[PDB]
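Given next, in structure tokens, is a single chain: the form solved without the named molecule.
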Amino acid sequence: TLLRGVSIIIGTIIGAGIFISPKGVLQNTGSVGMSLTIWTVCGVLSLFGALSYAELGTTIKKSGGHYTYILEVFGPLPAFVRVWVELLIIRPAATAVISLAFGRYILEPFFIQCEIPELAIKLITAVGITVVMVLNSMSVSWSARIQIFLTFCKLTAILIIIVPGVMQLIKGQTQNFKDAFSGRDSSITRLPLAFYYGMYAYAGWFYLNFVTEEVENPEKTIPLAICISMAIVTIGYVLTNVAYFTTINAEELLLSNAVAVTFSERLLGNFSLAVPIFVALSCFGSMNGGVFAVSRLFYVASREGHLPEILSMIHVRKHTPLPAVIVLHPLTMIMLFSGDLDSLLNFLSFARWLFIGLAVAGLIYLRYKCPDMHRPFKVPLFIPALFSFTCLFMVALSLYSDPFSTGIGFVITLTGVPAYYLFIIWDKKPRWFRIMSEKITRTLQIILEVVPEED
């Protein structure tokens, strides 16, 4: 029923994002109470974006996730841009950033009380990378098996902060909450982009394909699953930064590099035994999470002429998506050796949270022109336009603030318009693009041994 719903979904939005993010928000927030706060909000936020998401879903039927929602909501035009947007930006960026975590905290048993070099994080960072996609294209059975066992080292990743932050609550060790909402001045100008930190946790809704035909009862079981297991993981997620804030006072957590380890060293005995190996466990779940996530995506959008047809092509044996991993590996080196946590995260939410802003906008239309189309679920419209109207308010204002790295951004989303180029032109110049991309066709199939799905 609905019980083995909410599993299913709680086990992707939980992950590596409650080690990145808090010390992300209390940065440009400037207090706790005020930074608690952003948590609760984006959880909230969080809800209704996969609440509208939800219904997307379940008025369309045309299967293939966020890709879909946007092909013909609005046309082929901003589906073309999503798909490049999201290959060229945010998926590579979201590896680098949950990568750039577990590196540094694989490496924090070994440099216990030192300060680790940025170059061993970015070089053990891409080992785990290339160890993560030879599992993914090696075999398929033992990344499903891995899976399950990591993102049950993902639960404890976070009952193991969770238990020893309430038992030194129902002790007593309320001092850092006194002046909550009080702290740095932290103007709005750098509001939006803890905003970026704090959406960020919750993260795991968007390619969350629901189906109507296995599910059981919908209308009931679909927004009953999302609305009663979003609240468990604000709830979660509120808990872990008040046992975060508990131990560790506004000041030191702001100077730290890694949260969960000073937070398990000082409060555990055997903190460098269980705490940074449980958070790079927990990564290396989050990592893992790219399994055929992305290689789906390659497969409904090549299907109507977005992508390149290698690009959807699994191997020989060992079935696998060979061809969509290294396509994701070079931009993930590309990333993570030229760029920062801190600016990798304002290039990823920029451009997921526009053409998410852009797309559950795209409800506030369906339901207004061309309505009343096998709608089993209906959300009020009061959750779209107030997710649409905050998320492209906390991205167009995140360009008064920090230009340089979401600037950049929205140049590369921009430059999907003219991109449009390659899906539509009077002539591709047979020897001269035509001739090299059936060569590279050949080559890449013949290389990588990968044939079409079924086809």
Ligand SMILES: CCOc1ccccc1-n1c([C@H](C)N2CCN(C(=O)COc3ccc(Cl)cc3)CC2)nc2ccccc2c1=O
Given for the second form:
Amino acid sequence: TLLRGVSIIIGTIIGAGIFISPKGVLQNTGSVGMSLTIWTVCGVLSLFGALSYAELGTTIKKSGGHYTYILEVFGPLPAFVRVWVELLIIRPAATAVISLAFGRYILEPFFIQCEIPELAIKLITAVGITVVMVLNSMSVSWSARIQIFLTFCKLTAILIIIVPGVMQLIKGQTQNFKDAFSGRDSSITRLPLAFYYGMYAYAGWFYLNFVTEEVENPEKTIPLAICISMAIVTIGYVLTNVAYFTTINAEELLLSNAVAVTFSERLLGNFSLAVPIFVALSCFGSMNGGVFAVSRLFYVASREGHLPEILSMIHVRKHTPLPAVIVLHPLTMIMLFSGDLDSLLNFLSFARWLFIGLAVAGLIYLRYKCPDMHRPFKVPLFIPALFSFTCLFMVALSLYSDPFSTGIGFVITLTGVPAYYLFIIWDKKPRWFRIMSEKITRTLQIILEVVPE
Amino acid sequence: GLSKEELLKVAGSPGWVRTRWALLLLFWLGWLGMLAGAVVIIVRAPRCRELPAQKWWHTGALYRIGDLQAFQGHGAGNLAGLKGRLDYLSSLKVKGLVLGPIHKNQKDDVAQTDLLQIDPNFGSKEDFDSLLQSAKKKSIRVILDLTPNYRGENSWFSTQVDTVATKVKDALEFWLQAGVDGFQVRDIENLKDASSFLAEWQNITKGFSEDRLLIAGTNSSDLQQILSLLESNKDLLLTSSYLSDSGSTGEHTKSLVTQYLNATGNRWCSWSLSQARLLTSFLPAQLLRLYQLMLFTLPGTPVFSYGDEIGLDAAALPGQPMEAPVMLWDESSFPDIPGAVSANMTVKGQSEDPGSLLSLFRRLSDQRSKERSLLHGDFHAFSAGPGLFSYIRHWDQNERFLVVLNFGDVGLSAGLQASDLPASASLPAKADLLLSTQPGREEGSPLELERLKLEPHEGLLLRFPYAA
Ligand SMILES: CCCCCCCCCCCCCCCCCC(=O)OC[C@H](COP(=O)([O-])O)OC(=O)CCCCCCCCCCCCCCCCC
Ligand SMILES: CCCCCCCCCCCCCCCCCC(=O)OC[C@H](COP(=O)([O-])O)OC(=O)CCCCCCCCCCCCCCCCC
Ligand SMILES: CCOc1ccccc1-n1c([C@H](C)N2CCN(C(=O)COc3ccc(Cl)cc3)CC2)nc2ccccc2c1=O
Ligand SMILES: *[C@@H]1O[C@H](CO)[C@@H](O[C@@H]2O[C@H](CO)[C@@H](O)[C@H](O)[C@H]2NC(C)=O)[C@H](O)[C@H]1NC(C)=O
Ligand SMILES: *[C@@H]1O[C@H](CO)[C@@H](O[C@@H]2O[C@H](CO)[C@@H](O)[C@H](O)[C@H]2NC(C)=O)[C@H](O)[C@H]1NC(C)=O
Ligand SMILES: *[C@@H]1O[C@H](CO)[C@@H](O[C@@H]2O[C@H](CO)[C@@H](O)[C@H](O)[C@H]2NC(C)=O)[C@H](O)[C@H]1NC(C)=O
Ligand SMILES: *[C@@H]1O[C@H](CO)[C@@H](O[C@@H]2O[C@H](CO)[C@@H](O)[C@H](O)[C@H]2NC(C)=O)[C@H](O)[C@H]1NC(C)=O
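Alright, leaving the form solved without the named molecule aside, put up the form solved in complex with the named molecule.
Below: every chain and molecule of the assembly, starting with the one above.
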């Protein structure tokens, strides 16, 4: 129904991006004002893209995912390179960013106003990831009721910042926004970097997987729920940046590594160790949304020709996907012990917004060059055109921004095509190869005890 | 791929179950090894020292406004016009405000004059309340001077001493109820039994609250006359003329500052050149940038006079009182002898030049008030070239600062052989540069600390981070 729809969207779309983002948004812009315009532009851009995915996924009506939206509007290897670049770029670098924030925010009651070694962080993040994966490889029934509690934890983590940020606003009228649009004299070649940091704050809608006859009166319920429960997030996310700027100047925020602890350290009350616990629980709630929605993606991709059938096999008792965990873990650990947040956001965001822009352009290409295949609801022609235009322009301009961290994503998606004809368009090039790879699947299927059920 | 029933009869074998129990225990031992390594890298971490919980007059500079009439202009010299300049004062980022004696005083009769009633030529009690509320809004503290005979020669009523002592006791209890943040008394060498009265006044000032100040001001240049005033007091800020006698060579000023810090025992002090004069009355026109770099980077509170940010000269202008020169806000401040001012002789003409003197004041007054190793860092000078003065500020692990000054008109190199500093903040090989007093160097260009060649009257503000 309606209220459970806005509840599930408000639960999947907020998280801990509001603690990672506003330092990288301010750094790649100038003053407070350009930052707040970026934080409200990204909200309506995410609204437009969410409306486009909802209008696109109820016109194809297949078994979910925008892997099956690039396929059936492009067919071959455009949809192969998406599922290649997924498990090689996007998902390891997505887990290795929320984990790096989580590990940072629990070492704060032990390093009060002092500096932390990085190797103390990384070996705590690499404990939290494995505890997440061991929890996922056991029963799913505990793994969802834990998630519900972490959803209420991330709501309270937003709320205990948004309440004392307005009690400082209507009291004395404390203002340091004065000169709002006066920046640090230029930001034009690193504008899309801020686009990469704002959109990460709203991430989550592109795993929602809308299927038509499950919500009551579905001709009008889905776009109404999306447009209400996206503008609610845009309100709650701009007032939180107002709450951050109401107590911190624009120069303390660039030298700080955790803005939610310097908000609390000057807004005390003798339990200001609450917020590095609740920001940690909000960072854990996004980590726990891990191997799931990768598993059903592996199930759909394994059903045709891609991603060999050992993946999307299932443990016999306690029917949980183990080889997705096995293939995800030594990749996110490699990317975790490598470079920092500012490299990983760029390295994932390049490929991620490139493929979402391709899919929402394919929505238009299917709308005009196939005027059949009826629509339960439609959007105006300017909405996905504008979203795809901004996506592809920011991704293209991001190559003139730091190219030794995003150009590796470009060379990986261009080695996607020398990995396509070698593994899809061919027929058993050695016999030294198939008989070798059969024993591989046999041995590790025997070790993991996994069946395709 | 193997199906269900062909799998359970192979993966139930001996061997196949023992290898997976072995791999499971190997994975768990790697996990607990990572946990124990993270714990031992947390514990083997160096401690971190505790911040001193400073007061407000530790955090910035004080700005003495002696004559209020000549601060804005004649006819506009009331307390109401002072409210339009507090934005300019916050642009300077001064933390306090030492207002002049605004009380009523006629002349050498004590019975008519009174430290309780405001003179009507300055404003009202309601306007003083509005000043205090607007200053508390901008977070600028107001310190009220209370010298009794501030219109005359002998400021302390040299006939008797009892009534002038009792009336200050009534004065400190009166104004603190209104909400002032401190007090200042001047020329206390003309006050008999001074260290006994100062301890009583300091008691009353600390007895209202703990965040209140008392500033005493002498004219004595002698060190032993200064330490005798600091026998029963620790919280007293004492401004004297201790630095204004000489300083033509760097060895003399180096010996002066280090001897003062050795004698008082590294306590909180106040670095100033006078009690009511400007910087230009004791220095030539070229040394103002060097002394403004020095006075902001020394361990204590710097106290400046009004106009010292723009190089306000009185001897380079016509007929004026040498103790209370007129302030040059614009190109039309100085009314008579027209055309005497210039573009560089005023505030707004210096509020746009990047290589100006007021820009150096604003670049130093925020680095003093924001950075942590200049707030309460340590102090260690060392030997250097014959004519230089070089020192280092460092707090715990924060950004180390290095200041190198040239008190002479010669071309000298630095030659920094440290060899005696603590092992925490010893000299690095290469360090950055924040600013210089002269044009001709770019900001942010790291140097190596060997061929540091100095042009005459140059000062530097190198910095380097904590490493080993
Ligand atoms: C710097 C960025 C951060 C770090 C990133 C590091 C990336 C390293 C490269 C990893 C490449 C992994 C590619 C696996 C792609 C599998 C694609 C696929 O669908 O294979 C299908 C094929 C047939 O299966 P089936 O349909 O018959 O069941 O089934 C198979 O092909 C079975 C073989 C599966 C393994 C494929 C190995 C490919 C080797 C790629 C060369 C690079 C590594 C070489 C290592 C050599 C060491 C000996
Ligand atoms: C510099 C040093 C480098 C060292 C290697 C670094 C890479 C580490 C890779 C770690 C992979 C992720 C490990 C996740 C472990 C699964 C969690 C788990 O305990 O599963 C429970 C499962 C069922 O238990 P039970 O019901 O039998 O008691 O219990 C089981 O199913 C037992 C079997 C699974 C054991 C998992 C150990 C690793 C599996 C190896 C599979 C084949 C490896 C192929 C190459 C993969 C790496 C490139
Ligand atoms: C966090 C997102 O998932 C949830 C959302 C709400 C409640 C629970 C979950 N949840 C779910 C549930 C059973 N779900 C499955 C996937 N789900 C969609 O893919 C959106 O389906 C839509 C339905 C209606 C609309 Cl209008 C749009 C999309 C929605 C429901 N399994 C989990 C499994 C492992 C860990 C966490 C969760 C988990 O948290
Ligand atoms: C004021 O300083 C005096 C000594 O410098 C201290 O003790 C006070 O001494 C006076 C007599 O000179 C007494 O009248 C007070 O009652 C004393 N204060 C007490 C006993 O608390 C003391 O350090 C300061 N006084 C206060 C109240 O802080
Ligand atoms: C500090 O100011 C006084 C006032 O001009 C200087 O002169 C002293 O004045 C008092 C009475 O006004 C006399 O009792 C002293 O004997 C005077 N001192 C001397 C040395 O003549 C005093 O000289 C000034 N101090 C300095 C260092 O300039
Ligand atoms: C000035 O600093 C020096 C060290 O730089 C110290 O001099 C010491 O003075 C005491 C008492 O006269 C002697 O017992 C020590 O042997 C001296 N040490 C050295 C190294 O000379 C002291 O801190 C200060 N001197 C005075 C007289 O206050
Ligand atoms: C303001 O700028 C003028 C122009 O540079 C200064 O006038 C020069 O002053 C120097 C030394 O004071 C003399 O050597 C030059 O001969 C002067 N040139 C001219 C054209 O006047 C003036 O002194 C500056 N004002 C201040 C206060 O520094």
